[PDB]
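With the sequences and hints as input, model every part of the structure.
Chain by chain, the residues run as shown.
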Amino acid sequence: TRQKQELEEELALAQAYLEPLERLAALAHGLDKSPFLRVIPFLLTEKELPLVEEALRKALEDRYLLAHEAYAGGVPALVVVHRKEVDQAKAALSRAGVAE
Amino acid sequence: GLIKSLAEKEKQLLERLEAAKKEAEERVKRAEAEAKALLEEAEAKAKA
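As they're listed, the protein sequences go chains N and J.
Just remember that PDB author numbering sits 97 ahead of the position in the first sequence, which is counted from 1.
Just remember that PDB author numbering sits 20 ahead of the position in the second sequence, which is counted from 1.
Treat the hints as calculated values from the structure; they're not laboratory data.
Cβ coordinates follow ideal geometry from the N, Cα and C atoms, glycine included.
It is possible that part of the hints are untrue.
Computed Cβ-Cβ distance ranges for the label pairs, DEER-style [to be verified]:
| hint | chain 1 | residue 1 | chain 2 | residue 2 | range |
| --- | --- | --- | --- | --- | --- |
| 1 | J | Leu37 | N | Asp159 | 25 to 31 Å |
| 2 | J | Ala40 | N | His126 | 44 to 50 Å |
| 3 | N | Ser191 | J | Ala53 | 56 to 62 Å |
| 4 | N | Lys101 | J | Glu35 | 50 to 56 Å |
| 5 | J | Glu45 | N | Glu166 | 38 to 44 Å |
If you want it as structure tokens, here you go:
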């Protein structure tokens, strides 16, 4: 009864999030263990994306890469920033009301 | 953007460190070789 319950909970997570993580992973391929760059994953909906893009761009200038791929709704979006411009990017999301 | 620009650039930034470690080691080895042989000449001479 614990094993069956564990499988259902497990299956539930796997079902929700296989496509978002798949999209986010591709986006930050090799970028999750390079000291050089820092990446921040976050979820965006179609309506939400223009505002976010403008908001990042004032915070983080033109020394950033924002690429996104579409899961089945909106997009899980990934921003790539230099290490120590991490805070500038997070402030921009927090201020928008966008969670990680 | 597109991640293929920075993805395939990283694997050149990586080569720029790597060739650096080479020519650091391979230079300090020569000097050690020149010191070793110099102090050997200083024996061959001293004993002669």
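Right, here's what the structure says about each hint:
Look at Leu37 (chain J) against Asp159 (chain N): about 26 Å separates their beta carbons, and that is inside 25 to 31 Å. Between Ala40 (chain J) and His126 (chain N) the CB atoms are about 25 Å apart, so this pair departs from the stated range of 44 to 50 Å. The hint said 56 to 62 Å for the Cβ distance between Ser191 (chain N) and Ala53 (chain J), and at roughly 59 Å that hint holds. At about 52 Å, the beta-carbon gap between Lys101 (chain N) and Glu35 (chain J) stays in the expected band of 50 to 56 Å.
Hint check: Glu45 (chain J) to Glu166 (chain N), Cβ distance near 43 Å, so the stated range 38 to 44 Å holds.
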